[PDB]
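There are 2 protein chains.
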Amino acid sequence: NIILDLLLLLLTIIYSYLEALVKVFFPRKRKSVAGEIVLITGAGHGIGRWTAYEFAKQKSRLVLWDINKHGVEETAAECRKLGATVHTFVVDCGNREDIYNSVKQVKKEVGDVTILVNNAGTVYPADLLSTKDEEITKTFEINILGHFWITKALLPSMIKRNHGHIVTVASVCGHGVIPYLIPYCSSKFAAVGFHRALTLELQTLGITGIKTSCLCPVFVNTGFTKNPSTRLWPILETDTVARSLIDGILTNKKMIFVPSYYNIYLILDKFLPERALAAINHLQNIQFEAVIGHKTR
Amino acid sequence: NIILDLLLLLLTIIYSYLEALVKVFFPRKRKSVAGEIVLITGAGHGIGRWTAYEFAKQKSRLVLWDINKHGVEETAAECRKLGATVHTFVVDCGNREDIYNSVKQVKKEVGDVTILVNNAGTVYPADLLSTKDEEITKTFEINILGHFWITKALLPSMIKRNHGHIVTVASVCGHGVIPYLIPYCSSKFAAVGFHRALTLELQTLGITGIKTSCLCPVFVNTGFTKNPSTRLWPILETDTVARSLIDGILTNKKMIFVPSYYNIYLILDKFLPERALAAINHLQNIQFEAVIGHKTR
Ligand SMILES: NC(=O)c1ccc[n+]([C@@H]2O[C@H](COP(=O)([O-])OP(=O)(O)OC[C@H]3O[C@@H](n4cnc5c(N)ncnc54)[C@H](O)[C@@H]3O)[C@@H](O)[C@H]2O)c1
Ligand SMILES: NC(=O)c1ccc[n+]([C@@H]2O[C@H](COP(=O)([O-])OP(=O)(O)OC[C@H]3O[C@@H](n4cnc5c(N)ncnc54)[C@H](O)[C@@H]3O)[C@@H](O)[C@H]2O)c1
Numbered sequence: 002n003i004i005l006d007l008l009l010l011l012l013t014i015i016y017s018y019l020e021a022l023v024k025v026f027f028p029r030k031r032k033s034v035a036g037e038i039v040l041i042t043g044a045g046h047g048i049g050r051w052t053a054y055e056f057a058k059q060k061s062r063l064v065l066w067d068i069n070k071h072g073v074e075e076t077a078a079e080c081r082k083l084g085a086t087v088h089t090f091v092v093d094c095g096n097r098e099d100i101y102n103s104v105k106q107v108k109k110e111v112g113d114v115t116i117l118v119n120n121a122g123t124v125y126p127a128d129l130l131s132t133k134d135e136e137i138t139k140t141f142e143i144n145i146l147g148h149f150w151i152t153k154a155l156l157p158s159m160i161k162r163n164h165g166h167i168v169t170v171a172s173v174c175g176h177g178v179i180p181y182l183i184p185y186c187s188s189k190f191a192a193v194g195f196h197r198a199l200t201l202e203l204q205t206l207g208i209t210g211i212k213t214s215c216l217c218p219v220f221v222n223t224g225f226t227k228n229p230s231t232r233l234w235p236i237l238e239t240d241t242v243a244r245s246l247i248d249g250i251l252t253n254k255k256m257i258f259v260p261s262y263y264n265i266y267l268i269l270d271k272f273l274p275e276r277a278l279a280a281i282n283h284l285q286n287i288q289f290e291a292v293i294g295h296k297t298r
Numbered sequence: 002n003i004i005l006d007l008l009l010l011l012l013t014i015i016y017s018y019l020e021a022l023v024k025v026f027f028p029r030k031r032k033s034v035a036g037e038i039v040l041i042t043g044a045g046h047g048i049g050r051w052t053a054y055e056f057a058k059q060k061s062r063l064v065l066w067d068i069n070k071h072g073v074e075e076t077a078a079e080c081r082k083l084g085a086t087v088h089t090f091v092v093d094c095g096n097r098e099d100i101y102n103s104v105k106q107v108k109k110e111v112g113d114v115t116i117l118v119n120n121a122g123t124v125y126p127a128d129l130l131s132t133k134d135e136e137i138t139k140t141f142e143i144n145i146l147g148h149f150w151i152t153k154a155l156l157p158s159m160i161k162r163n164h165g166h167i168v169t170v171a172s173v174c175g176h177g178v179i180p181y182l183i184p185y186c187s188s189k190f191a192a193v194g195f196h197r198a199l200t201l202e203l204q205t206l207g208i209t210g211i212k213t214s215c216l217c218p219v220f221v222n223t224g225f226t227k228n229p230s231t232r233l234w235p236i237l238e239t240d241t242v243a244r245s246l247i248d249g250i251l252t253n254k255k256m257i258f259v260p261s262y263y264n265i266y267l268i269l270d271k272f273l274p275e276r277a278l279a280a281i282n283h284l285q286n287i288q289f290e291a292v293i294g295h296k297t298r
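Heads up: the protein sequence lines correspond to chains A and B, in order.
Per the entry's author numbering, the very first residue in the first sequence carries number 2; after that it's consecutive.
Per the entry's author numbering, the very first residue in the second sequence carries number 2; after that it's consecutive.
Bound conformation, chain A alone:
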C-alpha cells in the first residue's frame, strides 16, 4: 500500500526519463503544417484554445468553431497577434444541421479544410441515477455524433487530394473508466473506437495521405470538471496538453496519451487481477465535483 505507492512513483519516474531519452536518441521527423486550413471545434477555451495558439505559431490558416462567440473571438484575437489568419464561426458541434450549413460557409469563405481537430466536449458528472436523460443525449451528440457529421462533411476533399489529418480529442476515459462518469466514459470509448476504425478503413481503402491522431489526456486544469484530484496522475496545465498534441500531430503519432506514462496504467488494467486493480484505485483517490444521490458532492 505504502510500497505500492513508491513502486508506482518509481515506474512513473523510469518511464518519464526513458521516453525523454528516446526523444533525443531516436527523434521522429516533424512535418510542416504551414498553410494548412485547420478547423478546431471548441476553440473558445481550454485545450481547443491553446491548440489554436500552437497552430498559429505553426503558420496554419485557422477556422475556429464554438457555441461561445465571446470566447472564440478572444482566441482568434490572440492567434492574429501570433501572425495567423483566423476565421471564426459560431457553431453547435452537436447539431447536424448547424454543422452542414457551417461547412458550406467555410468552403465559400475559407476553402477546403485539410486538418480537422474534433475537440468540442461536454460532461455532466453524476452517478447513473442522478443523470438527466437530456444530459446523456447531449454528451453523445457532442462527444461522438458531432465527430461523424464534421468528418463526413470534410473527408471528401481530403480523399480527393489524398491529404489530410483527422484529430479526435478523446480522454483516458476512452481506455479506462471513472465512477460518476458513465455517459462520459461511454462517449469517450466511442471516440476511441471511431478513431481506430477510421484509421483502419482509410488503410483498407488505400488512402495513404490522410493521417489520424487521438488525444487522450488525464485531468486538465480547464474547469471542464470542478476541482479534480488524482494522486497517481498529474492535474495537467492546458498549455502542456496543447504542446503534446502539436508534437503528436507533426510526427503523425496515432495515440497521444498525456502524460505518456499513462501507458503503464493502461497495461496494468489489462493484466492485473481485480484485487490488484482495486488497491491501485484506492491509492489513486479520484475526486471531482459530481451529483451523487441527487446532491452535488
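In short, the hints are calculated from the structure, not lab data.
Warning: the hint list may mix true and false statements.
For identical chains, the list gives no copy identity; a pair is met inside one copy or between any two copies.
[Claimed, not checked] Cut-off 30 Å, straight-line C-alpha distance, at most; resulting in silico cross-link-like pairs (BS3-like, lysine-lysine):
1) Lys60 x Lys139
2) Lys255 x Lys139
3) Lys108 x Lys153
4) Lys212 x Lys296
5) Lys296 x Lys139
6) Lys255 x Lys133
7) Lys108 x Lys139
8) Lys254 x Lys271
9) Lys296 x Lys105
10) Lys105 x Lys255
11) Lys271 x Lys153
Knowing the structure of chain A, use the given hints to seat chain B with the ligands on it.
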C-alpha cells in the same frame, strides 16, 4: 505469410486446451437463476431468441422485448414448451419514451426485473462516406442509448434489493475494429465503456449484489450481416453463443468473449507492431456485404 497461419493455429489450439484444464483445476461456481425475472431485448430472433431458450431451461420468468411482434411471440411459444412463464411486449428499444412506458407495464403485469440482457442491435455496413446520417443515429439509439434508458429504469429496484445482473451484448467490435463498420464499432466501444464504468460505479458505491457481464462475440450466423467470412475466426452458430452467455452469467463472468481464444488476438493488437498487425489482417480476409463507394460490394 506461410508459417503465420500455423503460428496463430497453435496459439488457438493451446488456448482451447489450457482453458479446458483451468475449468477442471479451478472451477467457477454456478449460481441459480430459477425464479429470476429476466428481460431480454431483441428476443424475436438470433442471440436474443436462443438466450431466452437458455433462461427457459434455467427456470427463470421471462419478459421478452422486440419491435417484431410475430418473432417475439414465436420465441415465447418455444420458451413455454420448455416450461417457462413468458411475457411478451412490443417495444422499440431505441425509443426512450417507449422504453419508460413499457417498464411501467412490466412492473404492473410481471414485477421487478432482476436480470437485464441488453441484446437488441442494428448494423448498416458501409464505408463512412456511403453511410446515411439516419443510419448512424439509429445505430447509437439502439446499440448504446437504449442501454442507458433500460438500465436507469430497472436499476433502482436492483439497488434497493442489492440484487441484479446487467448483461451488455457488445461484440469483438467493442475491443477491435473492422473496416466498413465505423458507426457500429464506435457504438460497440460505447457499450464496452458503459459496462466497464457501470461495473466500477457499482463497486465504488458499495453495491455488492449487482453483477455485470459483457458478451463480445465474433461473427454469428444470424443474418445480422450478409454472408460473413473470417479465416482465423469461426462463424459461430447462434446456439453456441447463447450457451457461452448462459455459462458466463451463471459464473458471474464480467467479459465473455466467444470464442474465449479471441483474447489472444486482443493481446496481439496491443503489443504487435503495425507491420505484424497488417499481416494477420490480410490472413483474416474478413468479408461481408457492405456499401462501398456508394455500390453494394
Ligand atoms: N479538461 C479535462 O479534464 C479533459 C480531460 C480529458 C479530455 N478532455 C476533452 O478535451 C476536450 C476539451 O475540453 P476542455 O478541458 O478544453 O474544456 P473547456 O470547458 O475548457 O472548453 C470546452 C470548449 O468546448 C466548447 N463547446 C462545448 N459544447 C460545444 C458545442 N456544442 N459546440 C461547439 N463548441 C462546444 C465550449 O464552449 C468550450 O469553449 C473535450 O472533448 C474534453 O472531453 C478534457
Ligand atoms: N450476429 C452477429 O454477427 C453478431 C456479432 C456480434 C455481436 N452481435 C450483437 O448481438 C446482438 C443481436 O444480434 P443478432 O445477430 O442476434 O441479430 P438478429 O437480427 O438475428 O436479431 C436482432 C433482434 O433485435 C430486434 N431489434 C432490432 N431493433 C430493435 C429495437 N429498436 N427494439 C427492439 N428490438 C429490436 C430485431 O427485431 C431482432 O429480433 C446485437 O446487439 C448485435 O450487434 C451480433
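Hint check results:
In the homo-oligomer, the alpha carbons of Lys60 and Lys139 never lie at most 30 Å apart, since the shortest distance is 34 Å inside one protomer and 41 Å across protomers. In this homomeric assembly, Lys255 and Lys139 come within 30 Å of each other (Cα to Cα) both inside a single copy, at 27 Å, and across copies, at 29 Å. In this assembly of identical chains, the alpha carbons of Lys108 and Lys153 lie at most 30 Å apart only when taken from the same copy (14 Å versus 43 Å across copies). Only between protomers do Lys212 and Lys296 lie at most 30 Å apart by alpha-carbon distance; the minimum there is 25 Å, versus 44 Å within a single protomer.
Only within a single protomer do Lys296 and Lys139 lie at most 30 Å apart by alpha-carbon distance; the minimum there is 21 Å, versus 33 Å between protomers. In the homo-oligomer, the alpha carbons of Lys255 and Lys133 lie at most 30 Å apart only across protomers (27 Å), although the nearest pairing inside one protomer, at 34 Å, exceeds that limit. Within a single copy, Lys108 and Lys139 get their C-alpha atoms as close as 27 Å, and across copies as close as 29 Å, so both meet the 30 Å cut-off. In the homo-oligomer, the alpha carbons of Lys254 and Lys271 lie at most 30 Å apart both inside one protomer (22 Å) and across protomers (15 Å), since each shortest distance falls under that limit.
In the homo-oligomer, the alpha carbons of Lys296 and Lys105 lie at most 30 Å apart only across protomers (26 Å), although the nearest pairing inside one protomer, at 44 Å, exceeds that limit. In this homomeric assembly, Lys105 and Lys255 come within 30 Å of each other (Cα to Cα) only inside a single copy, at 29 Å, whereas the closest approach across copies is 47 Å. In the homo-oligomer, the alpha carbons of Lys271 and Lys153 lie at most 30 Å apart only across protomers (28 Å), although the nearest pairing inside one protomer, at 33 Å, exceeds that limit.
Violated hint for the displayed structure: number 1, the only one.
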